[PDB]
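Here is what each chain is made of, one letter per residue.
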Amino acid sequence: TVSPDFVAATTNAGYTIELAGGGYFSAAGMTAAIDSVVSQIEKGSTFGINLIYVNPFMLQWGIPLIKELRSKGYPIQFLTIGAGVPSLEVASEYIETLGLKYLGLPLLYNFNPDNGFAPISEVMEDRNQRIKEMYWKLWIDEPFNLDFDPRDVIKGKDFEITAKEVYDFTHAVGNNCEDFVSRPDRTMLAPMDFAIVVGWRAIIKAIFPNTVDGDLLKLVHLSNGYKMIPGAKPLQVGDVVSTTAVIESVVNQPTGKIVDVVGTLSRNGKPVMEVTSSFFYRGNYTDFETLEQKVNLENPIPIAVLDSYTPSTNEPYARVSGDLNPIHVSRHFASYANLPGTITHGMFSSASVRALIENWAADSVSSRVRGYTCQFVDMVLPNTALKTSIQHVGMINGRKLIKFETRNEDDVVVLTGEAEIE
Amino acid sequence: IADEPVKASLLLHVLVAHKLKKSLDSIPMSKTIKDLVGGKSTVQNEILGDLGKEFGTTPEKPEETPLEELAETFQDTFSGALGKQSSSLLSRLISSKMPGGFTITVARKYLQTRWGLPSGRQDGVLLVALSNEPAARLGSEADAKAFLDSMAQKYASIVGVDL
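If you read the protein sequences in the order shown, they are chains G and A.
All letters in the first sequence, in the order written, are residues 601 to 704, 1236 to 1420, 1526 to 1658 by PDB author numbering.
Start counting the second sequence at 140; every next residue gets the next number (PDB author numbering).
Hints listed in this document are in silico derivations from the structure and should not be mistaken for laboratory results.
For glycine and all other residues, C-beta sits at the position ideal for the given N, C-alpha and C.
Check each hint, because a few of them may be wrong.
So these bits of chain G aren't anywhere near chain A, every CB distance computed over 10 angstroms [said to hold, decoys possible]:
#1 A608
#2 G614
#3 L700
#4 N1241
#5 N1574
Here are the simulated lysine to any residue pairs, SDA-like style, with alpha carbons at most 25 angstroms apart [what the hints assert, rightly or not]:
#6 A:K179 with G:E1645
#7 A:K179 with G:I663
#8 A:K160 with G:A1621
#9 A:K170 with G:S687
#10 G:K667 with A:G178
#11 A:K160 with G:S1544
#12 A:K170 with G:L688
#13 G:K1623 with A:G178
#14 A:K179 with G:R1567
#15 G:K1639 with A:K236
#16 G:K643 with G:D1346
#17 A:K161 with G:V1648
#18 A:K158 with G:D1543
#19 A:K170 with G:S692
#20 A:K170 with G:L700
#21 A:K160 with G:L1575
#22 A:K179 with G:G1577
#23 A:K179 with G:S692
#24 A:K192 with G:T1652
#25 G:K1623 with A:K200
#26 A:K200 with G:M630
#27 G:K1288 with G:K1364
#28 A:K179 with G:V1648
#29 G:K1636 with A:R231
#30 A:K192 with G:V1648
#31 A:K192 with G:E1641
If we strip away everything but chain G, and leave its shape as in the complex, we get:
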């Protein structure tokens, strides 16, 4: 109860006996010194700094630093504060927010009873390369080659739209517009989200490169947008499309990595329309390897605010779209990601809000709608209510945009964005 920085080598010689810190009186200084001492010790040891409950400034700053270290993966397993015992609510809150002891694909590993706490765990050696084989085999029908980079762009193959694939997608999405109608002697085109389902195989190859890696279990869909070309009609059922995009800057974030995708659409050689996609992958990496012209508004003019319902069984909806996310089907793959449950897909849940916006504004007409952007903030679980909303945004040379807002059950923003119609 006098030394502080002398436990850098005493706890790594077998077991931690009476390792305390009575000289570390700094708030942010004590948290940075504890992380550097764990890297110089053995891999698989236990540490544990004791807080000072005698001072009010040390007890308040030490309680906030202990909560952030437990969620990142530290070796702190014991914390015995001084100045006697705490209160009835102070001691009970530390055991629920921090996992301490007391106070006062493939799944095979070689077991070895010589560490102490755990026998054998999953090693981090080639963790991103081994887990990428299960995600690339559920969409891409070729060999695994990590020779790509973010500075270059390459397009895949081309699949033409058929009448058999468009008929099964209309009953699973639930849209009775002019494009998803069944009538004889009438040319039926495709919707705004119909062409993005066939072209999603080439835009989901963002983790195919060796430099754009990350956590594959937490790589969920961040956002997805779409926009038509200037003066172009909608594609029917007979023409193919192509998509080719990359990441210019370092697509990263403060809690992981990001992904910048912008697919396109072809129509017999010439361009048809465009699209956009975004993915949020957790992790910790920092290596990379004119004026105001927007529209405004005068008052909040609302359109409609109806309610919807998510699908309880996503087995027939994900099969017609070709989603590469296999953690939203079976319950075995969802346990490794530590999520709240079997949530819906990013491109499947956003297609219901985009198709319902034209039915309450344009009376279900695909000739006036040109752009559709929906950014999913949170995740929506299956078999739940979805409160939709719409509001007037701005005009774009005769095309008045419409906003969108999808709330959860507890009035939580899970998805938002704004579309473009006329």
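Based on the hints, put chain A in the right spot on chain G.
Chain A in isolation, oriented as in the chain G frame:
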């Protein structure tokens, strides 16, 4: 009489409670910015952008700082500014959550004759009612006038004035 100015200790707590669905009593000053958000990725990014646009001075760690440390450090740099994002949220509540007839000029003039508050305490009374506004909106002039009388007594604990 002694009108309280638009300090950063009460303006920052009311703006963060409206985006996270909370009130002034639930958002304590001893908590942190990241501990009171819940831990969501979408709620953490929106809380950092709303605090810097309403204050101006952007610090190093806006989420790791506590509520009593971030609001006290921004009070010395702010001189009662209306803000870019704070002015748009206060004007929209007078038209959506309230009825037609009680604008920003009618709400500030009522506090000088029924409570004795000038332009300094007029912004603090309207900011406390927007963070704890109910789901039922007003539809007449009598509903908006009743909320101004109740706000002078509930928000008097942070200013120190009588009726």
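Hints, verified against the model:
no. : hint                 : verdict
1   : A608                 : 25 angstroms, holds
2   : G614                 : 35 angstroms, holds
3   : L700                 : 18 angstroms, holds
4   : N1241                : 36 angstroms, holds
5   : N1574                : 13 angstroms, holds
6   : A:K179 with G:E1645  : 16 angstroms, holds
7   : A:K179 with G:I663   : 20 angstroms, holds
8   : A:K160 with G:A1621  : 20 angstroms, holds
9   : A:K170 with G:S687   : 18 angstroms, holds
10  : G:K667 with A:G178   : 12 angstroms, holds
11  : A:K160 with G:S1544  : 23 angstroms, holds
12  : A:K170 with G:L688   : 19 angstroms, holds
13  : G:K1623 with A:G178  : 23 angstroms, holds
14  : A:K179 with G:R1567  : 23 angstroms, holds
15  : G:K1639 with A:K236  : 20 angstroms, holds
16  : G:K643 with G:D1346  : 22 angstroms, holds
17  : A:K161 with G:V1648  : 12 angstroms, holds
18  : A:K158 with G:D1543  : 22 angstroms, holds
19  : A:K170 with G:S692   : 17 angstroms, holds
20  : A:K170 with G:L700   : 22 angstroms, holds
21  : A:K160 with G:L1575  : 23 angstroms, holds
22  : A:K179 with G:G1577  : 16 angstroms, holds
23  : A:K179 with G:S692   : 24 angstroms, holds
24  : A:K192 with G:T1652  : 21 angstroms, holds
25  : G:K1623 with A:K200  : 35 angstroms, violated
26  : A:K200 with G:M630   : 17 angstroms, holds
27  : G:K1288 with G:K1364 : 23 angstroms, holds
28  : A:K179 with G:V1648  : 11 angstroms, holds
29  : G:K1636 with A:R231  : 22 angstroms, holds
30  : A:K192 with G:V1648  : 23 angstroms, holds
31  : A:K192 with G:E1641  : 23 angstroms, holds
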